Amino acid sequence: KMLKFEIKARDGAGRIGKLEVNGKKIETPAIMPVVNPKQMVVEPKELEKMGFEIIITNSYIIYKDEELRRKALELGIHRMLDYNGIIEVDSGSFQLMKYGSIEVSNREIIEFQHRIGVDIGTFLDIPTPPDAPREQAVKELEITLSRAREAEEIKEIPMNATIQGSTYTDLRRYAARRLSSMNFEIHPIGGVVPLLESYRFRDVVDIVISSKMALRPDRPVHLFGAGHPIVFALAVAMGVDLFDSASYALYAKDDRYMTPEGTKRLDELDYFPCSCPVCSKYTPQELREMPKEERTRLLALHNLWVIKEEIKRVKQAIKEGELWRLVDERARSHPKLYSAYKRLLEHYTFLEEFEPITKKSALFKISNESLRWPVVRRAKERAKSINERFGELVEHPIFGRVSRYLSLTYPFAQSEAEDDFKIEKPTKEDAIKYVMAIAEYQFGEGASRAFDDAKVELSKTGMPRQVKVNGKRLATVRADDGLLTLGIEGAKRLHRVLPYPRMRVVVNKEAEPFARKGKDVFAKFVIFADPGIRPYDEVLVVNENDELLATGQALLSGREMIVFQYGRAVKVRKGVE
């Protein structure tokens, strides 16, 4: 286990993760600048200074070059490039698509990668171009899978296992399934380079989602060749964790300027819509007249800053739970992105499994597409049985009509549209009705039985808070999202009321004592869990005999808790002891 990966935060199917490779730690989503050993526009040392803790280079180019090859063997890639972060390596696979062939065996490049001290290696996977004859895509893929088995047996370092089914969805699923069962640490998605350059984003969405549906959720995903900011938000929303970019340098060399919305030619620029170290001091009409080498240098730096800024923008949106809003915003950059964005939203089944049950940010109605965001379809389908039983519906700016009993709950109350939605406060007779509808909504059918005879306390405001019954608190309605925070006594009631495995997270015998003490539950000790659990749901921590150990909040979906071997599964509120 040289590679560890755990989720720290999430929104949509994307996530902020902690990746550790043999002692070197980085936070994802991250982007790795591609560096040309033969001609470095920006020094690896400067890239590291700028905050890029992971870079990538072509091991084949180094291998085929005497001076490079020799220096690499003499000092190791780190000292040769004078870089101390994570150094990933490409197997010149781009020359395998560009030139159809490569002069080196699978075993040889892998061995060379070990000799120069690479942090993350690769093997000779074949990047089948888009729309290739199916026969080709199949043949190349089998060769890729065969080379993958050899690499698995020979590798002594963490390695990428690229998914390569060309534009055939069934092949992507096949490749993804086979590689997931093998032991590699990262799964890049290949063959998308030509699609991105062609702005065929919708084809990229189908290849990425088809790949993610068949991949183990616990391994980092790398969109190979995706080095332009315009796709960051969309890609991260689908679960992509890593990006690589040679475009920052190549665009700079062709006098091209990156923006989060696309690309501009220096000659078409009258102003720099940027405030980075370059754009905050220079002007387009100045740069245009400077020496080639200086112009290339400054454009490359600018490109790197925009890249860095978009990633930080995506991560901050995830933290506040507004990634979908950013994606919607970015989709307006180009018709082809808009098309891809709409296609992505069609994959509701996939996205729904990872969409947090609650978010810090309010639901924003800012387009026709936002009405198709996962949280909206989930809320609509869930509120149905509730509206039917409790009636007393009220007009809603987004959902049309929702029972007044769910009018204080996310995303009904915590949403905003063109017109304001009026919160419907409880009566001292209604109070318990709110808690019951919420329980039904949040915990599912029959869950209201756990709170039937409870007493609901109302604050200074007519807002429901503490839910108590003949003794102590069973739960509390959160001020921020109108959902229930379970108390231990409340977890006991839901445990007897709902049939195993509902809301359950079953842990090892080893972890059982810790849970009883209120300590958090780590995914490695989770042997089983309810498939319906979603990130941030209230959950019942239990042992194999289904004996209550504690109650807490999930950080992963039920299914994820089973697969993940690192990171926390549940943030425990209280243990039975």
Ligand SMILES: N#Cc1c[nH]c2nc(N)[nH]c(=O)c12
The other form holds:
Protein chains: 2
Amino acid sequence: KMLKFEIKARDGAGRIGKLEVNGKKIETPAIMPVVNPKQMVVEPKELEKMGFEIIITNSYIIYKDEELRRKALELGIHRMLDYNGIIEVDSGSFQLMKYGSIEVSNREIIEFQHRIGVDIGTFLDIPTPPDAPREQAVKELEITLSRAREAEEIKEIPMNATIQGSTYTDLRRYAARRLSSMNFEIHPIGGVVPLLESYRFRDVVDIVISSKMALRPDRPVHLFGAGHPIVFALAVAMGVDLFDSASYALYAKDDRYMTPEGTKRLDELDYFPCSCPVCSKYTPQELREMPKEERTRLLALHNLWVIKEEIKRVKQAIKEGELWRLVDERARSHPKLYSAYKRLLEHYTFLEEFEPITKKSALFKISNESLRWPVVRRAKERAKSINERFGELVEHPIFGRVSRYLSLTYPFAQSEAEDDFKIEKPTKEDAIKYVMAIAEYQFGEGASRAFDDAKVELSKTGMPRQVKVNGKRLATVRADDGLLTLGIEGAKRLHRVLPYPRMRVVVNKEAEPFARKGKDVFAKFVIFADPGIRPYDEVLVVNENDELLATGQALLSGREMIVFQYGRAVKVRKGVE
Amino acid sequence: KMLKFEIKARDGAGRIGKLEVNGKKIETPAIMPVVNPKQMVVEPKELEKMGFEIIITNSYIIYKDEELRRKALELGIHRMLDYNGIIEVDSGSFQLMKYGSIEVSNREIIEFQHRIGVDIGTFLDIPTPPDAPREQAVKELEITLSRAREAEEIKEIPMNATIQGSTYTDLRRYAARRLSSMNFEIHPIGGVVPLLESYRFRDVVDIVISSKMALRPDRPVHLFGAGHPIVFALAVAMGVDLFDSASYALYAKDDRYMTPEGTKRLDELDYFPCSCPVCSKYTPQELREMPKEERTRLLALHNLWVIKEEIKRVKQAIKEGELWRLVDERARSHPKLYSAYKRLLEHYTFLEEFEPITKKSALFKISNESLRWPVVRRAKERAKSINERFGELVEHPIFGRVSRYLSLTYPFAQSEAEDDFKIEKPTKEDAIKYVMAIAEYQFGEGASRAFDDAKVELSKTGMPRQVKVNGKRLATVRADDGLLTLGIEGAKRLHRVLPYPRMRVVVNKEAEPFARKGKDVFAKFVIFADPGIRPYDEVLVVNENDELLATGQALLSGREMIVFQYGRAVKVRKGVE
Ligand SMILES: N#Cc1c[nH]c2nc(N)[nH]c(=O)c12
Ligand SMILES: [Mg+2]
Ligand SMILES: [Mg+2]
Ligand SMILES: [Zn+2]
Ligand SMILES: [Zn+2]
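Shown: the form solved without the ligand; wanted: the form deposited with the ligand bound:
What follows is the whole complex; the chain from before opens it.
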């Protein structure tokens, strides 16, 4: 295909990804500034310098304008806007939502998008407003799906296959389920702009998640209209990958000032709570008296900086497994948004499938909501089993009482609350009892049998490290998180002790030789994997005959490993050869 | 009389202020960058251009050095630093904390300070560590106090009188108490560095509060050694006015990067979550390539931009009455900071004493913690009596049940939680019962008796605006808060119905004439005022005989009107004359 997309880092149902469109590579989450064909508040050439590798414009507005049209047909949007990154373009659907009708056929704008050398296109999907009559939502959804099919047969460039269905979650699941079967590269989530403008974030959350539940996990998700910093953290935590903002410009023309926590009127500002190129050298008292053109141009730039800045913040958060903490923080920005944050944590089932097994950061109890974070409810249940068998419970700030044997392990030992948690180191006689517990906790039921007869080496400190058995190393407890890193010799033991498909990732006959030699496993070569597998889990690489080929760490979840056709499914530690 | 301090604005127990010394002005909260006489990562002249109008140095270090000592006496720290702002200077008592004994007398450095042109000095107060034995905390405190007395005598310049009772609330109270009755202009709160470094914010909160309860409200409070953006919001909310940072540079020397939510290691940063002049043009990798010196510079400059920016944000927050929201947001930066926040809300008594009675902003329900904000707690108590009489309860998102009569008054009507609160308009019979309920609420017990024989006129929207009797205007329900604004007649009636000192602001013999007309009352002419008075409450201006002179609105709390010698106390609406 013409669009590649692979996962590089994650946290929550969120992910930092590498997206390649016909040669142009971009890193997501990304926000594409909306540029107006006529009044370009900020020249595309400048957005380019600022670091925006993807922008978006209106095919329709251009199509309907004498000059714009001739220019686009004459030089293509790229030369016309003098921008060289990814130029996405919209169909006019938004105009179709605002005005109820539009003077162009679904076939016409698609053809036109091709004639002007657009990078990514969009067909005339119908944005059913929120709360609209169920009949209308259904009728309009079929016309949408209808045009989708057409677009699928005439498209020669990458395209947006927008998910509609107004406020009915079953319709979103349907729309997403069907569009995912077709050949489209990116999946926007439409019809939410009205909700965003009404601060009805809880509805946006329900709408987004129902769509994410039914979409193929391997295609980018774009949240149409979401162009205000205030939702970036939350949306990304949900799995949104792309945003488009016109607000940075529209607000500027209205002397309105963006902030990661909301918006402020220029006239209500006494100070500039920012340090961007604009705010670091100008004052509100000054801005206020400058020409309207200079005032807009300046607020525009600032708004873009704030946008660029939160996105950067979100990504750095993901890189350190602290996305939830950031969401929690941004949740205090507004009642409605707090409501939405609480709502998002209810979807534990959805969020748990992708929630990493281990993070670089520590579990911070920084609110009541943090007690409902995915990593907490999961660590709780997996624990029940262990505690009842190993007893010797100890007190825990966050979890309450957790066996002293899981106390050196994430998230229990790698967490902090109001009161410091006192880790309980092993004793020469204890050692193994730990590894057994951890094994049982990390690998599931029965997993301890693979280590019973093992000797545990303790470090200069009372810490479990090398887990050996008459000869070589089975595993090793990681200092950074108290979980086990498998040695080929331990993978073998786990492999025989646990029944297939447990911990397994089945690979191509073609991939086989590579695993054996130790190379990492790429998703496209994965034919099947244990559904229970979560990101960063220890994994048993195997062939269709369940023959151990190598052992490593997963980057995707069992299900993703199957769907994905790009990226690495497994980082391999050691191969059998 | 060599240092003025006035409150320009406020929110919570925090306040934006005007601090004038040596004819030099600076606004507060303000953070003074610590300048090491010897090594200087970023030059004072540079710091000044950036915007730091006040800075602090180590006189003792300048003293124990031939080179510096010389240039200091020769040119006075102002030229020796090429800095034309307010130069504060520390005694070296901090070196006394890190080692156990400096080599200079309390008298020696005080005099040296006088001789080098210092704008604000400090005496040799002893910083007892956090959890010291009470005997030591007490021993040292007395020594601190004796040196305090000497400083008071031989003082010739403005000076810092550091509250210093270790972690003993009773000792902090005593110390603050005794230093307030003495002649000093600024009161630092000391010995909390170890606490801060240890992220022990709950402890720092107790110390700061127990101190602010004993200090006289009219003097600047400096929280010694706190130079990390992370405590700013919190600290200012408790009424701290000055900060000093050495960390901006000390951190830059260990490649440590600052954030409003904590600190990060450069070799652990993929992206820069900032748009400052540095992060605006370099990437983390680019910054790691540069030589160790350029690297330190740029980081230090970044840290300073973060510091400067958090301050503008806190000040802008105070200005719009959203300072608690900000604190709540920042409370999610770390478990221990979340702990402090919760503890800070436990001090209702202290906090309530300064929380205004009416804010421009709306009450936001953004967390469990916000239901315990002063404004809420207060409103809940004051209404208990109104519901019990007037009844007509209605379901409210934050207070649960509230008499429909307060439903139009702050902070009930102007709130917002996960859900909206429909405003219950009055009929024409209710008309009065709303004014009565408000009066009983706003002015307290029995105040309603001043508005029985009154008639309430309803404007366009069925809202009660003006109250009259015999035709003359008593008071008028402010539309933006549902709080009554008194008119000379309304006051005359509250004056007789309510027992002295209720609502009274007793003024000077000199000021009596002015208040008679309508001129504003200046805090320095106030001999005594009702302790119950809160910022923006309706107040009755009167003389020692309790004769009504005029009505106005308080800009300080009762307690404050008394101690303050600078600034307005009551914006007089109209006089009796
Ligand atoms: N809401 C909303 C939208 C804004 N632009 C859009 N563009 C397309 N194609 N579809 C949509 O739903 C929307
Ligand atoms: Mg696959
Ligand atoms: Mg006074
Ligand atoms: Zn800015
Ligand atoms: Zn920066």
